[PDB]
Amino acid sequence: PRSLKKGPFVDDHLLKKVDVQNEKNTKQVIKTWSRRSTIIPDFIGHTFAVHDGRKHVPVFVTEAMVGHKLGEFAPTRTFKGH
Amino acid sequence: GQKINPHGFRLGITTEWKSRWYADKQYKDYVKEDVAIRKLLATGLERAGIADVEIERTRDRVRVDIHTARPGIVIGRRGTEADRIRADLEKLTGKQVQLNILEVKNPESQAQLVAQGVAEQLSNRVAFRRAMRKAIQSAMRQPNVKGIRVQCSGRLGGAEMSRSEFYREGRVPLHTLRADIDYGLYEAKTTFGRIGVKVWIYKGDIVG
Amino acid sequence: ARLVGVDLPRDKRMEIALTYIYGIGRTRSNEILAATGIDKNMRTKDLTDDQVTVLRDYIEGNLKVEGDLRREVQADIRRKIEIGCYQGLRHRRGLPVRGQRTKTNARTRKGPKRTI
Amino acid sequence: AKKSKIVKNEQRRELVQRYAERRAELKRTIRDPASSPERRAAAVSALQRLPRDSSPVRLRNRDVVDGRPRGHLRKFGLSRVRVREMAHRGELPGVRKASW
Amino acid sequence: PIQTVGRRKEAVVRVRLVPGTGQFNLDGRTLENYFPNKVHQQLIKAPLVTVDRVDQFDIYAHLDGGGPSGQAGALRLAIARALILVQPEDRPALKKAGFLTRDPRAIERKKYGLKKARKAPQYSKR
Amino acid sequence: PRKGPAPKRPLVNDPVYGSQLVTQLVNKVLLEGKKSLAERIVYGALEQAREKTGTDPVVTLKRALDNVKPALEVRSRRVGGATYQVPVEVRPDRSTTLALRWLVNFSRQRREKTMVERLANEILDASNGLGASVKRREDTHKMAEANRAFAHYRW
Amino acid sequence: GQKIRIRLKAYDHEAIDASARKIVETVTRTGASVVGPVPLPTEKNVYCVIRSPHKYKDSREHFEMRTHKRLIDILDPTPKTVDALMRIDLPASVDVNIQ
RNA sequence: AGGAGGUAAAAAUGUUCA
RNA sequence: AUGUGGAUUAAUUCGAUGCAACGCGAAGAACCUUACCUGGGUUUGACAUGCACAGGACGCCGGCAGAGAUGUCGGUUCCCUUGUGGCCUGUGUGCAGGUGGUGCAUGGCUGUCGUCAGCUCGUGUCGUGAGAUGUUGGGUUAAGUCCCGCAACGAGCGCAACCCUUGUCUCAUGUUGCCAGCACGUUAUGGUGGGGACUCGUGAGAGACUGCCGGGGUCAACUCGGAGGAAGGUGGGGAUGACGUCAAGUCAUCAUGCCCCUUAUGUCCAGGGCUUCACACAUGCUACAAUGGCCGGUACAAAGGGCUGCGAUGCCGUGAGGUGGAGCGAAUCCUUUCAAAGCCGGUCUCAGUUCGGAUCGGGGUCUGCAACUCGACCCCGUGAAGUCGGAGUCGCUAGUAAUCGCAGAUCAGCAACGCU
Numbered sequence: 002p003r004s005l006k007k008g009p010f011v012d013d014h015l016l017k018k019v020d021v022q023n024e025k026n027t028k029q030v031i032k033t034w035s036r037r038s039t040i041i042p043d044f045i046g047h048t049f050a051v052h053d054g055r056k057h058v059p060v061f062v063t064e065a066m067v068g069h070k071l072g073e074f075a076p077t078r079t080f081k082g083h
Numbered sequence: 002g003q004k005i006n007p008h009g010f011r012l013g014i015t016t017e018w019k020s021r022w023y024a025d026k027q028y029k030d031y032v033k034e035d036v037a038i039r040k041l042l043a044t045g046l047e048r049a050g051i052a053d054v055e056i057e058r059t060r061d062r063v064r065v066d067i068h069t070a071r072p073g074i075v076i077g078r079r080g081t082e083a084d085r086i087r088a089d090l091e092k093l094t095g096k097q098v099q100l101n102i103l104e105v106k107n108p109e110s111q112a113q114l115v116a117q118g119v120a121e122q123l124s125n126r127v128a129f130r131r132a133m134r135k136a137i138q139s140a141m142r143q144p145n146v147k148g149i150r151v152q153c154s155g156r157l158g159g160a161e162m163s164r165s166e167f168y169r170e171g172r173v174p175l176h177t178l179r180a181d182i183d184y185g186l187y188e189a190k191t192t193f194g195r196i197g198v199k200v201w202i203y204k205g206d207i208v209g
Numbered sequence: 002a003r004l005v006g007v008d009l010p011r012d013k014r015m016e017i018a019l020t021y022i023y024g025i026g027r028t029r030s031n032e033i034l035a036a037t038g039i040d041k042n043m044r045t046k047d048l049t050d051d052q053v054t055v056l057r058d059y060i061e062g063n064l065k066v067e068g069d070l071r072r073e074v075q076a077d078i079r080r081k082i083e084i085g086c087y088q089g090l091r092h093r094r095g096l097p098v099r100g101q102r103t104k105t106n107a108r109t110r111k112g113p114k115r116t117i
Numbered sequence: 002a003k004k005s006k007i008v009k010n011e012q013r014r015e016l017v018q019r020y021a022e023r024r025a026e027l028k029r030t031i032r033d034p035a036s037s038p039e040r041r042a043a044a045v046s047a048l049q050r051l052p053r054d055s056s057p058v059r060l061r062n063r064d065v066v067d068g069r070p071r072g073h074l075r076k077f078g079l080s081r082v083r084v085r086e087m088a089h090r091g092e093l094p095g096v097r098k099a100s101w
Numbered sequence: 025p026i027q028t029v030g031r032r033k034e035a036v037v038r039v040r041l042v043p044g045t046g047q048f049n050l051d052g053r054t055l056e057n058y059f060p061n062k063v064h065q066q067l068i069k070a071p072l073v074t075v076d077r078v079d080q081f082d083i084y085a086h087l088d089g090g091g092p093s094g095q096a097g098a099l100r101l102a103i104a105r106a107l108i109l110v111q112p113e114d115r116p117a118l119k120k121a122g123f124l125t126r127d128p129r130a131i132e133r134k135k136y137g138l139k140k141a142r143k144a145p146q147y148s149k150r
Numbered sequence: 002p003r004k005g006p007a008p009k010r011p012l013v014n015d016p017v018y019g020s021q022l023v024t025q026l027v028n029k030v031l032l033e034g035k036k037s038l039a040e041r042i043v044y045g046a047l048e049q050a051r052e053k054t055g056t057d058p059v060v061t062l063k064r065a066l067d068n069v070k071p072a073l074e075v076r077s078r079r080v081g082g083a084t085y086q087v088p089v090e091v092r093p094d095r096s097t098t099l100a101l102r103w104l105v106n107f108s109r110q111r112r113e114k115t116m117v118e119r120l121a122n123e124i125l126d127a128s129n130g131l132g133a134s135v136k137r138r139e140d141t142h143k144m145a146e147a148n149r150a151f152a153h154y155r156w
Numbered sequence: 003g004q005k006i007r008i009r010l011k012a013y014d015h016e017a018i019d020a021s022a023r024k025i026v027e028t029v030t031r032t033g034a035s036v037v038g039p040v041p042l043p044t045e046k047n048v049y050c051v052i053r054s055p056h057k058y059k060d061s062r063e064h065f066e067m068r069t070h071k072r073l074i075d076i077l078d079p080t081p082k083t084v085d086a087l088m089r090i091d092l093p094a095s096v097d098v099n100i101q
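Residue numbers (the authors' numbering), protein chains in the order written: chain d, 2 to 83; chain G, 2 to 209; chain j, 2 to 117; chain 9, 2 to 101; chain k, 25 to 150; chain h, 2 to 156; chain l, 3 to 101.
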């Protein structure tokens, strides 16, 4: 999926939000609405609050989750049982 | 509803197309502006006796041959009405428009017009039975026919319960194909909704 | 289960016998036997020892096999997914990770049945 | 259907005609070939910043008569219902009942 | 010359018959490389066997359309029509044998609501 | 078939042996319209029987049919209470069809790793009067002779 | 010179046959030789429609667009013939293609 | 046209206006 | 896999509930669609049109912030002739707008009993009358089809037929379609000159009508058999659904009476959901194998689709696919010179198997702004249940069932194993 020639997809909003956080070396949480924007090896430490369907869902990125699409960390549905 | 459209049944043997052109890739927008045309002159001059809207077009022209009972209502005094509708069709154009009108010889023998008349007369005051019988009388007195069937369906007489009542005279062989069975339909507007008036007119078999 | 180069993995052709290994199917068997000089139409009873040695060293140099591969799989699942990813949540709850009807037929993951 | 929906489909149509002179095609024909130096371009960001309504992926094909999304047929611009009605009425040239 | 045609389940065949041995030129092939099935071969040669003119005629042909059995039945019809043209007085025997009758059977069209032109869906009452 | 009996289809005669009967066996062995394969199967089983017993395989087949085909059959009839089995005389064509069907089905049941082999062996031990097809025939006759009391319905 | 390959499409076989007859009559009036109105195959564009607007998938109507096609290869070209076929009028229900 | 007797074992019920 | 129920859910939009709902509306849910949820905006509104408005801009192009809607900036920003028409601007005013409700208010469309053959009427007659007769009776028919009788005589809708397709043959016809007869091709083939012979295509026509023969029968319908014929008895199949029922289905195609919202029950955007899952039902696909699997070789199809579409040779990849774009608006070219099952050979040798392919791990491609929820495809690896399925149950009478593959619509892509 997401052919390598096209490269990874990261919404420009989250990109301009995170590159400044890098170059100023601050890591306040980012209130980014879109999930879908593949985690790239640029912000392991910064925390995102992606899913806005119904909840805040912070997520601290790590080394272990690069390339994975950010919405995997933000389950939309809810099931506990019967 | 079980009966098919008689026109759709006898579309290539007895009846013919009310749109006479050809297209391959312009077919779509041709159809688009065609239905826009029909909607336009169905909303506008319903008071006139609009029956058929036979359209043709060849790459620079659109003939909009309509068939009417009251050309005096079609065209204004000095054709100002005709010029107005030519103008709005030349807006909604196939790059040029011409609008020769036709006068029907028999509003009583034209199914769509009979249904138009029944629809207008029934809503204001006349009973559906009176209107149906009057239409049938006029049609069968008109000589070309061989039979007629009229069907009014809805809140007849402002009733609380929909009724579908039909009258007839002569022969109406819908299952037969070699039969010029003119079909007409109109939704009479009423304070208690809408009344569907269907008309079938068997004006004799058809030649091969 | 006991041997990588099981001296008798099973008495039958080599192309299909080498598939009795957690990292070998039909095409890996074929390409192995092509890279070597071993016929594929030959049973394992007709083997030699040098054949097994070249197979073992080829395999251990080129590709992965039962223990290391199975550990790679399980470590991939746990570590690389995490505690709480989506595919990890659904691995945890025993349900089809890749997108599937859970409504009716997810039985291969859900088990035989738990009718209430 | 809803008038908002119909005019919205036509709005996206207008947006595609505007932003597809090449503003959505030069991008993809830059991304496809192997000689693409877009590693420094990253105009996929420009394509994101463009309206998502500028893409025909969002272009729904409603009927032109009533706006029905489903049952649409490209040869006619019409839903199945209107195709039935008009082919019966004789408004679709060549289209008649098939029986065989 | 003498040309005929045969048709059987949309399998057309053109047959140029000539006097020769019992040899075949079914699109550059022979009665065994084309129609290796003995049943098909029997079906081909039935008319010639009934009239007792095995090996009297060479048969060039241009089998086109349909499958093996359709093509075989078509060629059966075609050689029968050829035997009619070259010797009409064998008409009663072949007509009794049913080699002149072009089998009008064809695939029945699939029908809406069904699956296979008569196979209807599985009908549950509940 | 309320209006009447339908026409029995005319079978083609096999060219390898000259037999409506082997054609019939082919049509019963057939599956999924695989006529050529069924021909191969039947031909192979007949030639295997030939290689076995050194005789005409069609004749061996007819012998097996003679040993397998039933003259009597119990047909159910829901008389008041439990169902009554009624013995009736089987027509020749019905007997032949039942015999071929039983041969094919019992072959499909048994085990020789190949339909040709198991069909040939079923044919052979039925020709001898041993196989499960003849067992089915004998059980059929036993049931009919038991229920011969109810034959007087004779419908 | 070059022959030309007037291609006729329509939805009505008698109208298109009439057009072809008119065309051969024209070019023969103005002195040319034609191979004829060769009757090409007919396209049959089928469409299956659910009769009802809400349900009843098992009740369909099959509508066909049966496009008829003839081709006219006129030999012995002459500007007489060219202008003749330019100025001949034909109905809107027939499409001509000049080649 | 003239002329004995038969068999189907049991197998229930049906909120609303209508 | 798909749909449904139930349960979950913030939402899992709505409708469809025996036959006649449950691969149905959905002939194409990632965003859109989408109607649902959360949140962010908007309000004469996303679209209209009539009235007073003051303008020349409306608007388009870019930038910045924002998830976006949008907002805020900067450019480029009217003809006409003095009154203007258009355009917006707001003040609003009317009002638009509602996939908001009632299909027990409705049209239209449809299903269904049922392609069953029946349903009716006029006049006359019988009866106090409801009603009957006709339309029953004998026979025949697929048929209220027809005959003979008959207080009925007749007619109409239905039946049948007229229509399409298939099946045979003639006349015309040769192109892009065919190749018997000539030549040229020597590779790669009707490939090219050529030719109407054949096919085929598509226009017209003949043909099947119990027409003929024999026997039965009211001597009648009609029936049994035979001839000839491609076909024999409505040839095969479609299309065709009477009067009406189920207050069947649809106010979510549309239209629509009445009711309800009009800083929202409208409307823009974003996200998510419609794909949940302890389960149950249903329709299907794939299987459980040897009538088979895999490998190699070799044949035979139809029908259909293609312009911002089909996409070829060639080259790179293992392979999806990439490259490039020949040639094609298509009887030409592309969709391999289209198949698959099949045929021949080899191998496996009855095993949870070289069955089965799910599920899962990894690596990819393509689409599209974008494949986490949530796509398909490819490759490597994995290799579950399943040993022919309880009660019970379904379809099918011949080119049928069973099986095989092929094409199309919707469609960027596909969840299509579906539908046609």
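Possibly wrong hints are sitting among the right ones.
Only pairs whose alpha carbons sit at most 35 Å apart, straight line, appear in this in silico DSBU-like list of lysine-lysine [what the hints assert, rightly or not]: (1) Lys53 (chain h) - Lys143 (chain k); (2) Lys76 (chain 9) - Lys62 (chain k); (3) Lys24 (chain l) - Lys11 (chain l); (4) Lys11 (chain l) - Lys19 (chain G); (5) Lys140 (chain k) - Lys136 (chain h); (6) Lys56 (chain d) - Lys98 (chain 9); (7) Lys40 (chain G) - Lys5 (chain l); (8) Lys9 (chain h) - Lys139 (chain k); (9) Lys59 (chain l) - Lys4 (chain 9); (10) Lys33 (chain k) - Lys19 (chain G); (11) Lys3 (chain 9) - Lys17 (chain d); (12) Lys190 (chain G) - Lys135 (chain G); (13) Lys190 (chain G) - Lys98 (chain 9); (14) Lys26 (chain G) - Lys9 (chain 9); (15) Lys62 (chain k) - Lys29 (chain h).
Hints were generated in silico from the structure; no laboratory data involved.
The hints, checked one at a time:
1. For the given pair, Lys53 (chain h) sits about 44 Å from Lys143 (chain k) by alpha-carbon distance, which is inconsistent with the 35 Å threshold.
2. This hinted pair does not check out: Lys76 (chain 9) and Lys62 (chain k) have alpha carbons roughly 50 Å apart, beyond 35 Å.
3. A threshold of 35 Å between alpha carbons decides the hint, and for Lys24 (chain l) with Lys11 (chain l) the separation of about 15 Å falls inside it, so the pair holds.
4. Restraint check: the Cα-Cα separation between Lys11 (chain l) and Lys19 (chain G) comes to about 19 Å, which is no more than 35 Å; the hinted pair holds.
5. The straight-line distance between the Cα atoms of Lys140 (chain k) and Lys136 (chain h) is roughly 39 Å, outside the 35 Å bound, and the hint therefore fails.
6. With a C-alpha separation of about 55 Å, the suggested pairing of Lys56 (chain d) with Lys98 (chain 9) is violated against the 35 Å cut-off.
7. Distance check on the hinted pair: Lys40 (chain G) and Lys5 (chain l) sit about 47 Å apart at the alpha-carbon level, beyond 35 Å; violated.
8. Of the pairs offered as hints, the one joining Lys9 (chain h) and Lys139 (chain k) holds, with about 28 Å between alpha carbons and a cut-off of 35 Å not exceeded.
9. Annotation: proposed proximity of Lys59 (chain l) to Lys4 (chain 9) holds, straight-line Cα distance about 28 Å (limit 35 Å).
10. For the suggested pair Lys33 (chain k) and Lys19 (chain G), the alpha carbons sit about 40 Å apart, so the restraint of at most 35 Å is broken.
11. Using a Cα cut-off of 35 Å, the hinted pair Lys3 (chain 9) and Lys17 (chain d) is violated, with the two alpha carbons roughly 38 Å apart.
12. For the hint pairing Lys190 (chain G) with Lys135 (chain G), the CA-to-CA distance comes to about 20 Å; that is within 35 Å, so the pair holds.
13. Taking the CA atoms of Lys190 (chain G) and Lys98 (chain 9), the gap is about 32 Å. The hint holds against a cut of 35 Å.
14. At roughly 24 Å between alpha-carbon atoms, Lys26 (chain G) and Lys9 (chain 9) fall within 35 Å of each other, so this suggested pair holds.
15. Simply put, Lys62 (chain k) and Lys29 (chain h) have alpha-carbon atoms about 19 Å apart, close enough for the 35 Å limit, and the pair holds.
When held up to the earlier numbered hints, the structure conflicts with 1, 2, 5, 6, 7, 10 and 11 and fits the remainder.
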